[PDB]
Amino acid sequence: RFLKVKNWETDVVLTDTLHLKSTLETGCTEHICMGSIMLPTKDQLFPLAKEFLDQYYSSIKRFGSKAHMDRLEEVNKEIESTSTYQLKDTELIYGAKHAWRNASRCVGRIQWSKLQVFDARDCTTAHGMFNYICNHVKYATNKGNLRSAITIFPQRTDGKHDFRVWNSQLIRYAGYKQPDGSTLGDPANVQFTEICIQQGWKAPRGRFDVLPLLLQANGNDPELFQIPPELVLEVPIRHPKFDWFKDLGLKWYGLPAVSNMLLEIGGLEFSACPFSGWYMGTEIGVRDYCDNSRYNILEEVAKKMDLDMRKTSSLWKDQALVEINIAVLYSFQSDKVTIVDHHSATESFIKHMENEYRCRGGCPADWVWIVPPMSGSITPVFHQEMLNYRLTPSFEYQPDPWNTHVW
Amino acid sequence: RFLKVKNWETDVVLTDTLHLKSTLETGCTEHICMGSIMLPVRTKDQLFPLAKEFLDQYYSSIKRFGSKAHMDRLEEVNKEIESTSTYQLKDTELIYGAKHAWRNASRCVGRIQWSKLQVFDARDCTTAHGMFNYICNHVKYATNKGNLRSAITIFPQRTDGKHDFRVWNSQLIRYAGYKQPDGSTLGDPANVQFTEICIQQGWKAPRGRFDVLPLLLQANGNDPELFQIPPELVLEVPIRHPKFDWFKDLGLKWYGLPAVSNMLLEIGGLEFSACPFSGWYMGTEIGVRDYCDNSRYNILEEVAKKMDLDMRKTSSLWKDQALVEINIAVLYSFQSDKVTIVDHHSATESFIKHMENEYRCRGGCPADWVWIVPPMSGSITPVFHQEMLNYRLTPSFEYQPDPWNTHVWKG
Ligand code: HEM
Ligand code: HEM
Ligand SMILES: NCc1cccc(OCc2ccc3ccc(N)nc3c2)c1
Ligand SMILES: NCc1cccc(OCc2ccc3ccc(N)nc3c2)c1
Ligand SMILES: C[C@H](O)[C@H](O)[C@H]1CNc2nc(N)[nH]c(=O)c2N1
Ligand SMILES: C[C@H](O)[C@H](O)[C@H]1CNc2nc(N)[nH]c(=O)c2N1
Ligand SMILES: [Zn+2]
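First to last, the sequence lines map onto chains A and B.
Going by my numbering, the letters in the first sequence line up with residues 344 to 750, in that order.
Going by my numbering, the letters in the second sequence line up with residues 9 to 419, in that order.
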């Protein structure tokens with residue numbers, strides 16, 4: 344019931360007790376582990392509220408205080424009466440930071456307590472959402488000195504008045520299915536680039552077009568908005584060695600801003616809660632550039648390096664992969680845009696993990712996601728045993744809106 | 009109950025039914041996943057259903073389920089269990105068992121090869137000297153002048169747990185490691201503790217950087233004895249790089265044959281505590297883990313210096329760069345000397361084909377993503393994007409505690 348995790352490079356053993364406060368489920372049973380699966384009423388509500396208020400009031404050294412009991416009473420009264428309840432700003436901020444702190448797949452959690460929370464619960468229209476999102480983008484970007492932030496739109500009431508950002512990220516590059524058969528731009532965004540083109544967007548059918556925003560307020564049909572280019576910080580990709588690298592025609596945006604997740608605090612559901620940090624270099628260079636079902640230019644880069652691409656055993660893909668990631672990092676660092684290499688971030692995470700074991704009794708972590716997509720075993724997280732479990736408040740996945748939307 | 013796995017790169021969806029035949033526990037619960045944890049005397053009472061389960065599988069595989077051969081074998085085993093409190097496998101059952109143990113090894117990426125295993129029955133062995141002979145023959149057969157062949161040698165099963173056969177070496181061939189007074193290590197830091205035992209047992213250490221460790225062999229529960237593998241049986245490969253000529257002067261080499269020797273083979277409730285098996289290396293085992301793990305030979309630094317890399321910021325990825333060239337050199341050296349090896353691109357691609365075949369022909373393929381994905385360049389291999397299900401099937405290879413921690417000393 345008290346679990347120990349071992350690091351095999353250092354022999355350090357940590358003891359986990361925090362898992363015992365887990366409430367949601369893993370998908371795993373005693374007979375089968377699903378660790379590598381990517382996507383595993385008034386009476387429901389009060390225990391959920393109680394649990395949260397209990398941990399909130401504990402965090403401020405006022406468990407079993409009049410205020411705590413008062414608040415529990417007030418919330419209880421609101422629930423029976425109104426069929427939902429409203430979070431105080433302090434609770435909203437606490438809940439958002441803890442949803443990040445609890446994100447078992449996030450390697451960047453050492454930064455969890457420094458999150459700027461934007462209360463957008465007074466928003467009523469897509470134009471309102473656009474304004475809030477522009478402000479978020481401007482604030483988070485900070486001329487390249489990136490700052491973590493989240494903007495929270497009104498909570499679900501009854502499933503018919505959902506606020507939803509249809510984009511998966513605030514800033515992404517378009518992708519179009521051509522008649523030649525291949526693909527122009529970002530292959531991940533093909534179906535989405537289509538729906539924009541459908542919904543009225545004029546695609547400049549190019550390769551690196553910043554997608555428009557598709558915003559759904561109060562359950563209504565979604566609306567297109569172009570983000571002001573001066574708010575979209577982009578980074579030209581060059582190599583500190585291959586002068587031919589710039590000729591490839593590659594750039595990327597500085598702000599990773601995930602916008603399709605659901606934020607759960609005290610039983611309440613926030614279906615629209617875009618949040619942003621800054622990139623780990625491998626997200627762009629390994630996944631975004633060199634994945635097959637993405638920009639997939641490993642082949643092209645190796646060509647210009649004149650590597651032997653006849654046999655896989657020359658490791659030309661590995662050689663190219665590294666140089667590319669050197670460039671991404673180089674380009675961002677030159678342009679003074681915040682970025683972290685996977686060696687620094689994983690080192691940071693080990694320290695965060697030990698801090699959390701020390702001050703909280705645990706840190707839920709998903710090894711499958713925490714270990715970087717290149718050079719895994721030369722990073723410290725590879726030899727670190729992790730325990731994965733679901734704590735609340737939390738970020739959850741939700742279905743794409745188009746599959747769901749009652750038009 | 010059916011379970012689906014999806015490949016996020018191809019959108020191929022497979023359906024698993026095999027997991028229903030799973031018995032052993034994972035460690036996980038609906039409250040927690042222990043998927044990243046490395047390592048989370050048997051009464052006749054529980055032995056018979058284990059034997060029956062195995063015999064049912066066996067006679068199904070040969071299309072004789074419910075046959076008189078099946079039923080008589082069942083009765084024969086039953087009687088032997090209530091009489092002698094254990095039983096003996098036929099050679100045929102033993103070979104099936106060992107092959108299926110490998111087929112069931114969820115952490116093994118090389119399983120496309122599972123049906124080609126040479127099984128050596130060493131169950132008539134009684135002494136450490138006999139163990140040395142069987143192991144020598146295994147090494148010679150498996151090495152095959154560089155044309156490696158998968159093999160397993162199986163020593164007598166456990167009885168009361170007081171007469172165990174054990175190979176104390178973690179692998180049949182490994183380099184010594186010596187802790188120096190100044191805190192630095194000579195040779196392989198992974199083998200320091202074992203090297204000490206050997207030395208204590210009477211081994212005269214050459215105290216070099218690449219000394220092949222002696223075999224420490226325990227028969228029938230007696231104290232282990234030291235043997236030297238004839239050096240002509242240990243095929244080794246000098247490591248050089250195809251473009252960097254200074255690489256040879258690092259003085260590196262590695263042995264050709266990976267032969268894991270500390271695992272326990274379980275078949276039908278029987279436990280074979282000494283069952284050394286061998287295949288061939290995936291390049292990253294040597295070049296990423298053996299050479300570049302900070303807790304092993306750890307030569308990234310010296311390789312990086314000689315490459316004249318920007319070693320100041322990690323963000324130069326000097327570690328990643330050196331890691332690649334080292335792995336190129338390992339593959340190059342082995343191919344050039346015509347010693348069997350496989351790169352991680354080839355091996356993972358083959359595993360995907362194997363896994364798809366297993367889903368079709370068998371209903372599933374237990375796989376441990378944490379172990380299947382290679383320790384470098386993970387996402388540019390096809391296994392990275394593959395959902396996998398992990399569960400435990402028998403026959404199986406299990407971990408067991410190091411023998412020096414459990415052995416009752418005779419004198
Ligand atoms: C500030 C620097 C940050 C860094 C370096 C970072 C890094 C990462 C990385 C590399 C991943 C894996 C994502 C992938 O491979 O697709 C990830 C996942 C994730 N991050 Fe962080 N992140 C940061 C900030 C944040 C913030 C501010 C939040 C929330 C407020 C957050 C919440 C999450 C969540 C929920 C996931 C998992 C998403 C999923 O389950 O699919 N991260 N992060
Ligand atoms: C023939 C070529 C083979 C290749 C290329 C191969 C590859 C691998 C690799 C790379 C690992 C991960 C090891 C690590 O990183 O520590 C592994 C694990 C494993 N292999 Fe295979 N293998 C082969 C043959 C075999 C054979 C012949 C057997 C048994 C008869 C076997 C049984 C296992 C088992 C039980 C594990 C799990 C080890 C553990 O749980 O610690 N493999 N294999
Ligand atoms: N890959 C599937 C999928 C679906 C939905 C969200 C998601 O999250 C990826 C993600 C989430 C948050 C991040 C925060 C910062 C960052 N640099 N990357 C981040 C990447 C991933
Ligand atoms: N690292 C923990 C540990 C402890 C004991 C054995 C072991 O085996 C790893 C292993 C097992 C079988 C293998 C078969 C072939 C091969 N090339 N490598 C292989 C590597 C691993
Ligand atoms: C903590 C983690 O379980 C441990 O370091 C594992 C990770 N994956 C691995 N994968 C392979 N193939 N071999 C290993 O030794 C390990 N070590
Ligand atoms: C099949 C597998 O679960 C899938 O490819 C996962 C693996 N690990 C990952 N790890 C991170 N950080 N991000 C990812 O998108 C994925 N994808
Ligand atoms: Zn699990």
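FYI, nobody ran anything at the bench for these hints, they're computed from the structure.
Each residue gets a CB set at the ideal place from its N, CA and C atoms; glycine is no exception.
Check each hint, because a few of them may be wrong.
Across the chosen pairs, the derived CB separations fall in these ranges [stated by the list, open to error]:
1. B:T18 / A:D354: 45 to 55 Å
2. A:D590 / B:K256: 28 to 38 Å
3. A:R703 / B:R131: 31 to 41 Å
4. B:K314 / A:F406: 41 to 51 Å
5. B:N413 / A:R701: 47 to 57 Å
6. B:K314 / A:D590: 22 to 32 Å
7. B:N230 / A:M648: 24 to 34 Å
8. B:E310 / A:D590: 33 to 43 Å
9. B:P246 / A:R490: 23 to 33 Å
10. A:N698 / B:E310: 30 to 40 Å
Now for the hints, and whether the structure bears them out:
1. Between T18 (chain B) and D354 (chain A) the CB atoms are about 40 Å apart, so this pair departs from the stated range of 45 to 55 Å.
2. For the pair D590 (chain A) and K256 (chain B), the supplied restraint of 28 to 38 Å holds, since their beta-carbon distance comes to about 37 Å.
3. Taking the beta carbon of each, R703 (chain A) and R131 (chain B) are about 53 Å apart, not inside 31 to 41 Å as hinted.
4. Between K314 (chain B) and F406 (chain A) the beta carbon distance is about 60 Å. The supplied range of 41 to 51 Å is therefore violated.
5. Separation of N413 (chain B) from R701 (chain A) is about 30 Å and departs from the stated range, judged on CB atoms against 47 to 57 Å.
6. Evaluation of the 22 to 32 Å hint for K314 (chain B) and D590 (chain A) yields a pass: the beta carbon distance comes to about 31 Å.
7. Distance hint check: the CB atoms of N230 (chain B) and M648 (chain A) are about 59 Å apart, inconsistent with the given range 24 to 34 Å.
8. In this structure the hint that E310 (chain B) and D590 (chain A) lie 33 to 43 Å apart at CB holds, the actual value being about 35 Å.
9. In this structure, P246 (chain B) and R490 (chain A) break the distance hint of 23 to 33 Å, their C-beta atoms being roughly 53 Å apart.
10. Restraint check, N698 (chain A) to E310 (chain B): a C-beta distance of roughly 33 Å satisfies the suggested window 30 to 40 Å.
Of the numbered hints stated above, those contradicted by the structure are hints 1, 3, 4, 5, 7 and 9, listed in ascending order.
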